[PDB]
Every structure is written in C-alpha cells, then in structure tokens.
Amino acid sequence: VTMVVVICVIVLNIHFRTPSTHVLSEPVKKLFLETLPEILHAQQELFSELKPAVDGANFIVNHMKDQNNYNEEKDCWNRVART
Amino acid sequence: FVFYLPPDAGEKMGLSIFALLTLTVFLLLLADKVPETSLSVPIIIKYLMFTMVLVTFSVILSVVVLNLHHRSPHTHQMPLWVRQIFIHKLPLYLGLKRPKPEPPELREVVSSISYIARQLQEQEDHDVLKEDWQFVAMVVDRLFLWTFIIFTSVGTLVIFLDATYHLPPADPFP
Amino acid sequence: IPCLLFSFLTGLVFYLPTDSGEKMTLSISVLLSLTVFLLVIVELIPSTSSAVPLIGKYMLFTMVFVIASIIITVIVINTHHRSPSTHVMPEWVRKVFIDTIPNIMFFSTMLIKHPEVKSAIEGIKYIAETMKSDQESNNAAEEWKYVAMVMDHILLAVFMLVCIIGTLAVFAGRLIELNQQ
Amino acid sequence: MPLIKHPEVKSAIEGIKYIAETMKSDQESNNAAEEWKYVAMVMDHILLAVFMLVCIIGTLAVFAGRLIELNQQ
Ligand SMILES: *[C@@H]1O[C@H](CO)[C@@H](O[C@@H]2O[C@H](CO)[C@@H](O[C@@H]3O[C@H](CO[C@H]4O[C@H](CO)[C@@H](O)[C@H](O)[C@@H]4O)[C@@H](O)[C@H](O)[C@@H]3O)[C@H](O)[C@H]2NC(C)=O)[C@H](O)[C@H]1NC(C)=O
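Residue numbers (the deposited numbering), protein chains in the order written: chain D, 319 to 359, 426 to 467; chain E, 266 to 367, 434 to 505; chain A, 240 to 349, 386 to 456; chain C, 349, 385 to 456.
Because the hints were derived from the structure by calculation, they are not lab data. Every clue listed holds true.
Each computed DSSO-like pair below joins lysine-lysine, with the alpha-carbon atoms no more than 27 Å apart:
no.: 1; chain 1: D; residue 1: 347; chain 2: D; residue 2: 458
no.: 2; chain 1: D; residue 1: 449; chain 2: D; residue 2: 348
no.: 3; chain 1: C; residue 1: 393; chain 2: A; residue 2: 393
no.: 4; chain 1: A; residue 1: 407; chain 2: C; residue 2: 407
no.: 5; chain 1: E; residue 1: 362; chain 2: D; residue 2: 347
no.: 6; chain 1: D; residue 1: 458; chain 2: C; residue 2: 400
no.: 7; chain 1: A; residue 1: 393; chain 2: C; residue 2: 407
no.: 8; chain 1: A; residue 1: 400; chain 2: A; residue 2: 388
no.: 9; chain 1: C; residue 1: 400; chain 2: C; residue 2: 388
no.: 10; chain 1: A; residue 1: 393; chain 2: A; residue 2: 407
no.: 11; chain 1: D; residue 1: 435; chain 2: A; residue 2: 407
no.: 12; chain 1: A; residue 1: 400; chain 2: C; residue 2: 388
no.: 13; chain 1: D; residue 1: 449; chain 2: E; residue 2: 461
no.: 14; chain 1: D; residue 1: 435; chain 2: A; residue 2: 388
Isolated chain D (complex conformation):
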C-alpha cells in the first residue's frame, strides 16, 4: 500500500505537468503514448479605423491558438499518466 501511494503520487505528478512547468520530451512522449499503449493493450482612411480591428482580430486568433496548444500538451500529459 505504501508503494501504491508512492505510485499514485508519481502518477499525479505526471498528470498535472503543465507547459509552463515541464518540457515534454519526444523520447518520453513516443515511449509512453505509442510503444507502451500497444504493449499493454483612399484605402488608408479606411485602414486608419480598421487597423485596430485587424490587429485585435489577429491577437484574439493567436490567443486561441496558444490556448489550444497549451490544452493539447495537457491532454498529452494526461494520456502519459493513464498509460
């Protein structure tokens, strides 16, 4: 039971690893997500007013992209923890 608690602590450390805290190594990711899962189982007056809109739209798009990358690496760590 003591060893299982230690295992649970390690698995929870693996599960809650975050992009801003840890680096997902490619050998680790390839080992724990491919191998072991298989083994186990004018035109400027307009632009004077549209430039803030275009810049803001680009910012929102980049923010969504960064959040999606963050989330995807989070599910990658979760899948490693499950394996």
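Following the hints, put chains E, A and C with the ligand in place on chain D, whose structure we already have.
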C-alpha cells in the same frame, strides 16, 4: 512524498493528516505495552514522537506551499526579494528549470473587437502573475522535500544507531 | 505533547486558502485525530469524577478549540463563496474589511444591409457585452474573496495567540507553584 | 442525451474561420463526453435501486427466521 504531490491535485492534507491519524492509531497500539514509569522515556516513544513531529511539520510546510500556490495574483504582489531568490537563484541549485524563456455600424465592431483584445491581454497578464506564484510554490516545495529528507534521515539514523548499539554487558558485575 | 501538536495544527487552517478546497479536510481530520487520541488518554489517565484534572481541562480546551476553528472556518468558506448577484455587499463589511484594515498592506486591489451581416455585427456586440458582464460579476466575487482572506489573516493570529495563551493559563498556575515550592 | 486584399486581412479572415472550426470540434467532443456522463448517471440510478433493495433484503433475511420462530415459540 507529500512534497512531490502537485498542489493542483488537492490531496496534500488528505495524505499528510491521514498519516498523522495512522500514527495516532499506532500510539493507541503501544498504549498497553510500554512501561508507565517516569524515570526515563522509552526510545520507541522517542521515535514515535519524532515521527509525529515530522508529520505535523509536513502538514505545516504543505499548508505554506498551498498558500503560495493559491495566492491571488491581484491582491498579493511579489516582493522583489522573493523574485530574486525563488525564481532566479534557487532553481539553479535545486535542478528546476522553467520552460518559459521570458460608418456608425462598423465603429461599434471596432470598439468591441478592441475590448475583446484588451480583456484577453489582461487575462494573459494575470496568468503570468499566477504562474510566478505557482513557480515560487514549486521551488519552495522542492526545497522543503530536500530538507525533510535530510531531517528524516538524520533523526532516524541517530535513533536507530542509539537502539542498535545498546548491547548487554559481557560482565555480570562491572 | 500530542495534545500540543494537535492544538498547533488547529489554527493553520486559517493559513489555508479557500480555493484549495482542502480547508475542511484539514480541520475535520485533526478532529478525527483528537477523537482517536481520546482513546489513548482514556486508556492512560485515571477515570475519576471527584474533580476535573488539569489534563482533562487541557483536553477539553483542545477539543473546544478544534470545534471553534471548524465553525469559524465554515463561516469563512461561506463568506468566500458569496454570489455577487444573490448576496449584495453591505457597506459596513466593506468599511471594516476593505477600508479600516490598513495595517499590513502587502495586499492590493483593496449598402450591405443583408440580414446575415447585421446578425454578425449584433453577435460581435453581444459577445463583448457578455464578457463585460462576466468581468463585472467577477469583480464583486473577488471583493467577497478579499473579505474572506482578510478574516483568515486576522483569525490565524487570533488562534495561534489563543493556542499559546490557553496552554500557558492551564499549566503555569501549577508549574509556578511547583517552582516556588 | 473595394479590393483591399493585404497580408494582414487574410490572416484575420482565416483565423476567424479557425476559431469557428475550433469551437465546432470542441462542441462535438463535449457532446461525446456528455453521452458517457449520461451512461454513468443511468448506472448510478440502477445501482441505487439495487443497493437499497439488497440492504432491505439483508436486513430481513438474516433476521427473519429467528424472529418468526420466536414469534411462534
Ligand atoms: C546487576 O545488579 C547488581 C546489583 O544488584 C550489580 O552488582 C554490583 O556491581 C558493582 C560493580 O561491580 C559492585 O560494586 C563494587 O563492589 C566492590 C566490592 O566492594 C566491597 O569491597 C570493597 C573493598 O575495598 C569495600 O570498600 C566495599 O565497601 C565493599 O565491602 C568494589 O570493590 C567495587 O569498587 C564496586 O564498588 C556492587 O557491590 C554490586 N552489588 C551487589 C549487591 O552485588 C551488577 O553489576 C549489575 N550487573 C550489570 C549492571 O550488568
């Protein structure tokens, strides 16, 4: 091993304080075995009280770590000395590295889009101040793990060497 | 010594933030530890009813301390989770916990009219107003959170002070007499 | 259960499309999650009924024979 648990798991108290509860159960176990005299303290009682103090200190340090982790980024500002010690200096000695390298109709649309952009910028700034506190909490948790390991090893070795080297006398009458 | 160790852990729940979700775990399981240790104390100490012993008074003080910490922690958690819409912030709480607590201030924040195009314009506007309303609710939620945090900072010091003071009041009255003897 | 094509405008349009497809995929994944959630809720209901029935049956059948025997003699 409570210091290796993430703060985001929400299980540090549920582990350390339940270890304390189990230690109380073993105190009940020994309550009917030890001598009741007061001339000295049994070494096994010394060891049990030492282990209880260790677990009690694990709870205290875990509470400090969780206070650092869940610290509101807006109402609690980082002192510059915390930033200097726990982000730049001690991570290098503890083996921790942060991955971060450090028309009337259209006018309403423009204002709205700028409002979303500004709100998202504020969200990123608040996030950054959040991860600073969280990284300080992690560093303070790796330091506390190492000092807990050191204190545990030193105390356990001292008590066990005191116990093991107590031999019967080879002479019935010194 | 175990009673002292359980007593020192009682006030530490007031250093635990509410957003951890482990405040009542700590308090209730310290109570469980005390309750289990009651078996040890009953097994060890005399069972007499002529008068209350000093150990009996210390055990009762520790238990009442843990109960008070549990009650006040529940009050703190209730204050932390007050909804901005249902529960309006009274002015007296704001004055006494956001204005008159200026002691330790490490704190802060004390012609294209197609229906589809018009609908897109209105949807963007609606999105912005939605996020604005969410921010406005979060601000008052955070005000209540600040009040609960201030209450926890006060009560941590209060509880550690009482933990020292009650123990000294229980034991010094006889320890000083023995030193004089 | 007019023609103003420019490298920064095209990025905004493509990113708006990306945002829409992102919340489309998120909605699909979320719905697939609520399906399993509905399944787990259904097993919770069935096993609540089953466990209360077994609790009643065990409170009765263990004590039934000796209580009726004492009623009779
Ligand atoms: C187990 O318990 C025993 C007691 O129940 C312990 O026995 C004691 O051991 C000590 C040390 O060996 C003895 O003390 C010694 O006594 C001799 C003899 O003293 C006599 O002769 C001298 C001569 O000059 C005289 O001056 C004295 O007054 C006596 O008449 C001394 O020479 C030594 O210096 C020393 O004092 C005890 O006498 C002895 N007690 C008994 C009752 O036998 C035993 O050691 C314990 N075993 C352990 C701890 O392993």
